Structure formats: C-alpha cells, structure tokens
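Encoded as structure tokens, the following chain is the form solved without the ligand, with no partner shown.
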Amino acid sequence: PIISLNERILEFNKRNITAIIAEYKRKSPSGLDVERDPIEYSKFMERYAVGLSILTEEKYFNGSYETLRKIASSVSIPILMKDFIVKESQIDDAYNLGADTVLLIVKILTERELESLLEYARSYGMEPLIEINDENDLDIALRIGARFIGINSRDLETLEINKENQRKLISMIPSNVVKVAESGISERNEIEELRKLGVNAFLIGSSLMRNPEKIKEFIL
C-alpha cells in the first residue's frame, strides 16, 4: 500500500540522511534524451534515494503507466507518479499502479480541482506532493491545507529557473508542511543550503539519469 513518501522524508530528516527524490525521465522539456533501464535505475536508487518520482507522461516525458507499474514492483521505496493530474481517475491509476502519492501542480488546476484532488488523494491514504511556483500557488496550497508542498524552481510555462523566488516561498511555508524543493538542484552545496532553509526533500532527475552515481555525492 501507500508508503508515505513524506514520512520517509520525515525519517530521513531524523536520520540525518539527504531525502532526495530521484526522478526517472528519459525525455524532458529541459534535458536531453537519455534512455536508461527503469529497473536498473530504480534498483540502484532504492539503495540510496528517499523515493522515486516517475513520469508516466508519454508525450513530453516519454514515460508509461507500465514503466511506473514495473518500477513500483521492483522497489520497496515510496513512489510518486509525476504526471499532470487533473482528474480523480489518475489518482486511481496512480494508486492501482504503484504510486504512494501523486503530483498536483497548483498552476494548471483550479482551486476547486486541486482541493478535491487533494481530498481524493487522502481518501486513498496518499498525501499528494503539491507543486507550487509563485506567491499565488503557495497561497492556494496553503488555502487547501497542504501538508506536503513541492516548490518548483522551474516554471512549466517558460522553463525558467528562479531559484531566488523558489527559496522565498520556502520561507513562507509553515514548518509543519514537508517541503520538497524540486528542479535546479545541481550540487550538495545548495542541498545543505535549502536544507537550512527548511526544505526536507529534494526532487532531482536529469543529473541522476545522466549519471545516477551522482546521488552518492548528494547524500553527504
């Protein structure tokens, strides 16, 4: 069932180990196309990662519901179907596939849809990672009572990485919400930095698909 990605993140926080959410994306609107083995990668990362973020987004991220399905089988660490969740059914697929949580992007969702999509995620026992980009997504995640927020430094619409803005939000986020700082994390230097800023987990992907061995240096 649902192995809270956030709880593990919480245990990693107590455990002092860098809670990093490893992403698996062969294709991406940002990075280059790097085909790897879904199982080799997941296998190598379940040995270190706090969880895996998997992109079942076929078009722009070249990922499948089967990839997610297979990855979830192969590992005993939390999984996050990272898609563009807009319908409660995706939560179902998500759940029935192997997700232990799902990605909700405040941008593309009305406050109503996000609020319910959250409610329906919790009905399944999962705590969706709610991704925010600005002062306005933050205030909504907050307004719907989010407990697991994801501050994306990378803008969907533009692909621009405002780390400055990213950290602002992190400052405006209550110390009870598990914060996952996504995008842009390149070094263990910034990790321990954001980590001082309260972020509990880090969603990395492209660097890890490039050279997964890299996570070994992040976890220090």
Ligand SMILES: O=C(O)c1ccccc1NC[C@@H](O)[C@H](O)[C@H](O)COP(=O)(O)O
Contents of the next structure:
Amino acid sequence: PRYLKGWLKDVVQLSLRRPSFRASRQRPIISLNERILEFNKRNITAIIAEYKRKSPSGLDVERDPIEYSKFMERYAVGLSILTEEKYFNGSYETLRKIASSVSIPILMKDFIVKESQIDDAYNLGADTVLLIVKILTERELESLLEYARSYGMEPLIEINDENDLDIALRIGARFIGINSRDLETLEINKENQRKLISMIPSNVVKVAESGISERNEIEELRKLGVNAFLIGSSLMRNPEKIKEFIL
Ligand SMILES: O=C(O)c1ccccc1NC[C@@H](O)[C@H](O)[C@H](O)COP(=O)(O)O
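Okay, that one was the form solved without the ligand. Can I see the form deposited with the ligand bound too?
Zooming out: every chain and molecule, the one shown earlier first.
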C-alpha cells in the first residue's frame, strides 16, 4: 500500500492480516453499475443505501441489518455494507446474512489491499467492491482492478482529489465514487467534490459519496451529471428519509 500515517495506517494493517472467508457462492453477480444506468434511463433517482452501525466521525446506531436491507430493497438501486470491523463495527457475517436476504446489487465496503479480500467479497455474496485510490499504489490499484474484473465485478473506484482522478482515469476505471470526505482528516468539502465531478468523462458512471442528508442536495448533484448517490448516516438515523430522497 502507500505510505500512511494515523488511523488509515492502522486500518490498512488490519486489512493486511484479515483472515479469508471460505464459502460457496449461490446467486450470480448482479451488476451495480448497470442497474444504475437503467435507473437513469427510467428516470428513477438511484440511491445506494449504506448500512453501518458506527463510524469514526461519530455515528452509533443500533438497527437490524436484515430489516433495514429489506426495507431499503423497495427503493434503493443497491446496498453498501461496511465489513470493516474496528472502526465501523461491520463484519463478513452481516454481509453474508444480508446477501442471502435481498436480491438487489450489494457493494462490499472495506479497505481492500489484497486479493483475498476480493475473494471474500465474492464468496460472501457481494456484487462489487470499493477500491480506494489514496491508500493503494498505482500498480496495486491496477492489479486489484483486473482481479475484481476476473469475477465479473466492476469495482467502484473512490477518488477524493485531482491526483486520485488522474490515476483512476489512467488505469481505466468505468465506475467512480467521488467522496466529499477526506479519509485522513475526516473533513467534508462539497466544493472540491463538485469540481471533481465536473472533470469526469461523461461515459464513466459517477457516484456521489458522503454527507448527503437533503433531497435538494441530490437534485443539485444530479444536475452536475452524478448518476447515483451513496447515503449512509442520514438513512441509518432515519430509514424513512429514503421516501423523501426518491421523490
Ligand atoms: O463516515 C465516516 O465517518 C468516515 C470516516 C472516515 C473514513 C470514511 C468514512 N466514511 C466512509 C464512506 O464510505 C461513507 O460511509 C459513505 O460515503 C456515506 O457517508 P455518509 O452518508 O454516512 O456521510
């Protein structure tokens, strides 16, 4: 991985020693990015609802993962499940239970630094994975991207700045997440996010990530060309908000 300091250095060390999960895979892959394109075509707001019990920025919510996913399944284009254990209180177990309970696309969200984690995502039932440009070197990102594609997954490649975008474009990313939150400092910068969204090629499926809590924010973002919106905190605190978001 890249040179890292702080909590990022720590979570990457945890991922490096994350034990693999052996399991048989049932349902075939359901492409999240393609479903996003069809929701766009049918003019339905594409929301990726995220399940996370805890977060370094302070979220702490107790809500049943299964009931939450089944409810979200009625409206969401896909689900994002945190499997990182120490900071997000996620687990492979929760992803497995959810994947057996819903039939919409599932993104496994963790800090992926090795191939066995993609093997884990596949065996657990996820349809795609998140790859973060800022914690990986360009060679690692490229290998991991090709590896995810060997399972028929188009990974969501997350960028946070212009340098991330240059790398993402160079390696041929077709599905990009623009995170308004800096992983290292936890600061949210909406303006920087909008600047990056405006630089992305029109043929790349774009997902706005972090800090969305109002329907008007979704509308502004949609006009900038964003294809889908990944929302976690506001939905975890109030699942019913999904109804306002898809209006
Ligand atoms: O949410 C956090 O507190 C946080 C802190 C440090 C690093 C990453 C973090 N979030 C990871 C990120 O993938 C977010 O969960 C999603 O983009 C959704 O964010 P939200 O809607 O909850 O603001």
